[PDB]
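Our next item is subunit A:
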Amino acid sequence: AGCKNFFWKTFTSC
Partner candidate 1 sequence: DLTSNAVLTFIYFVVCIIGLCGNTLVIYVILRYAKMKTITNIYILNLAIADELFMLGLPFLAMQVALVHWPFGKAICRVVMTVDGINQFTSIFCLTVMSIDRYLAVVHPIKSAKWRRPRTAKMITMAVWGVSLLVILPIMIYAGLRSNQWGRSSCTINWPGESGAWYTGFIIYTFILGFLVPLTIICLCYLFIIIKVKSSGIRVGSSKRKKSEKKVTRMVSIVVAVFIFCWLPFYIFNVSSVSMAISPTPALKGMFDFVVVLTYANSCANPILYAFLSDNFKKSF
Partner candidate 2 sequence: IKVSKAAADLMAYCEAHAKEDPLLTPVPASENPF
Partner candidate 3 sequence: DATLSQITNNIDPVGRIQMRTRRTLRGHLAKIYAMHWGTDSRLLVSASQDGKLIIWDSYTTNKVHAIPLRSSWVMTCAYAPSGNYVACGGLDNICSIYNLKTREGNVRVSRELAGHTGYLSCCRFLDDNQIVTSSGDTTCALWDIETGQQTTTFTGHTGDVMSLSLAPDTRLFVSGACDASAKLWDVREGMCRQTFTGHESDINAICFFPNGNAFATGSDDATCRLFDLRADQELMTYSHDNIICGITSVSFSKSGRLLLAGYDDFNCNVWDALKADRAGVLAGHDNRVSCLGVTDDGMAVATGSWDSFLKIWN
Partner candidate 4 sequence: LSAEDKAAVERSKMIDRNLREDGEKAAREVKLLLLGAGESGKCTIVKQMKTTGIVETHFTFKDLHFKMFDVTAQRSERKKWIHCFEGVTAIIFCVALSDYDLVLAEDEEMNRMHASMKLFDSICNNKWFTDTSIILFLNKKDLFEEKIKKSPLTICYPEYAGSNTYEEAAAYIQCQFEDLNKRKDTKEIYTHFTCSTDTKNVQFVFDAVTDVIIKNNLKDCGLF
């Protein structure tokens, strides 16, 4: 999981 804020190009919220 992890739920990273910014990893490569996307905005993934938790």
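Per the selection procedure, all candidates are chains of the complex that A comes from, given by their letters.
Here, contacts are C-beta pairs under 8 Å (C-beta built on N, C-alpha and C of every residue); 3 or more make two chains touch, one makes a residue touch a chain; residues count from 1.
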item: Interface partner of subunit A in the complex, by touch - 1, 2, 3 or 4; value: 1
item: Interfacial residue positions of subunit A with respect to candidate 1 in the complex; value: 1-14
